[PDB]
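For reference, the chain that follows is the form deposited in one PDB entry, supplied as structure tokens.
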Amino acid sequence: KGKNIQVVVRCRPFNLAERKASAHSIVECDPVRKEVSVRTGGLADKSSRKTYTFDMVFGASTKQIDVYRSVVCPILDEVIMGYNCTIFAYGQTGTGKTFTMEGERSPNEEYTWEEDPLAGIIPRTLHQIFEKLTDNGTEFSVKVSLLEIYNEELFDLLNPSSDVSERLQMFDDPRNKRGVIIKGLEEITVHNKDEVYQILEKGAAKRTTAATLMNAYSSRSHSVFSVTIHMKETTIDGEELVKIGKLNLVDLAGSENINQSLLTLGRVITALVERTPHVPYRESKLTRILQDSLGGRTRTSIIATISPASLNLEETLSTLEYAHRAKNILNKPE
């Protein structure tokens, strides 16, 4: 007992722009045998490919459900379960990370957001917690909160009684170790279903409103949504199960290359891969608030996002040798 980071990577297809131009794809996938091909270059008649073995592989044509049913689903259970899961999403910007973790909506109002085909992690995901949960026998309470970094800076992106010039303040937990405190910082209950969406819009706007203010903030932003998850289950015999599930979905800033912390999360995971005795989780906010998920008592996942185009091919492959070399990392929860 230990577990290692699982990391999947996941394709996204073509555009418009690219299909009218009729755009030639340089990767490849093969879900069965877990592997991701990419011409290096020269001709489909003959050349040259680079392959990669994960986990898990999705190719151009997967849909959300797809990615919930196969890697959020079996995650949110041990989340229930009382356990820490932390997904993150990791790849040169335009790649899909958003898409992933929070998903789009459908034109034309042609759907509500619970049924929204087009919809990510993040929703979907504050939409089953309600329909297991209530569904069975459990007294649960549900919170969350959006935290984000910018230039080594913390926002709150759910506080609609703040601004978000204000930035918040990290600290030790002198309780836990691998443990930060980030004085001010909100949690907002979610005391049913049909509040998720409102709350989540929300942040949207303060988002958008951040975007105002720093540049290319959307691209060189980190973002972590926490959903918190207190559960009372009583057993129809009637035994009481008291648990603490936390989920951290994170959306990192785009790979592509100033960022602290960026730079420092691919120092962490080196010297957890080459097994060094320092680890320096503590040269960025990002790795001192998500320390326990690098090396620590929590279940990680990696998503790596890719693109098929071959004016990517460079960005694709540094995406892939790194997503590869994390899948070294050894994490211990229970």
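Numbering follows the first chain given and starts at 1. Think of the rigid core as the biggest set of C-alphas that the two forms share within 1.5 Å after superposition. What changes on going to the form deposited in another entry:
Superposed on the rigid core, the two forms differ between the two forms by 2 Å or more at the C-alpha of one listed residue only; from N151, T134, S162, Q169 that residue is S162. In this overlay on the rigid core, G41 has a C-alpha that sits 2 Å or more away from its partner position between the two forms.
For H24, the Cα coordinates differ by 2 angstroms or more between the two forms after the core has been superposed.
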Contents of the next structure:
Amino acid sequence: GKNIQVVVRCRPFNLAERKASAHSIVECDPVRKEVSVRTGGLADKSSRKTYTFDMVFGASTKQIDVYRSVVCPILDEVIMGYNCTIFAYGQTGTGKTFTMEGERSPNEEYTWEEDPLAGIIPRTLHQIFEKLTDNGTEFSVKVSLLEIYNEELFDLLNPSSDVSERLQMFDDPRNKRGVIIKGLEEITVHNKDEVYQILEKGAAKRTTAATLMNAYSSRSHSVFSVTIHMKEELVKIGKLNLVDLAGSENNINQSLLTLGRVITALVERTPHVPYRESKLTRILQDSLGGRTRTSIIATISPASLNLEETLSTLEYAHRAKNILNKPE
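We have the form deposited in one PDB entry; now please give the form deposited in another entry.
Coming up is the bare chain, nothing alongside it.
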């Protein structure tokens, strides 16, 4: 009996916004875990909409704070042999990818292990090896990376040199809420020093996919899966899904569209839940009311221009707090 945990992260003003003299309409209070939105513009200076969350990160939050506070507890439950999912949800430009992946600091000032701008994926891989090596247990780590665009499936770590070769998806007859990704390459990570070269190749395939399909970065969903096998004889198996969704400001929007419908259906206790109607909600079905521990990172902008999309994100995120999973 475990509810889905949801956090909110507000980014600082960007440069376009500073030049346009944007006003803030967001107040993020981490102590009381509240986000408050100024909704009345020039007409009603006093009206607000306020939501309470499991945690709230204001503009000044460092990447390392997201990792320590959110990723470590989940990583520990993966090392204990459970299934866990984290996805970033919010409008384009609000920090979904900065949170899940991060950036490299310019001028080559840092190693990739120490860069303060790295996000969840690079820290998770480095720290899995740190925790288990010189910890006394036998383990193998494998990772995969598929992407969803226009309800087609692409393998961004595949040995094939053409990124456009499509994957295919079938119900898993071994697990009642799972899928099989026919064709998906799973690459073994032998140690921490292999982590960066694997990311490099996936980044290169992503760049080429951008030249082939319209608005690729913002209309595709990203699913980075790491699986851990541990032998202590007692052998546990953990799996962690790290998902970066497409922009929530929306043929093409089918997974995003269904995802809301699926959420509304679970929290309204409707009988039939339309998991089957999109590729995304099929992959994530054990993560939306199944037996997987799930956490949502909802990203938003402080600027007045984005009032409607900020409200839309908060309401979707707040409503998903009412969904229960039953992990292992």
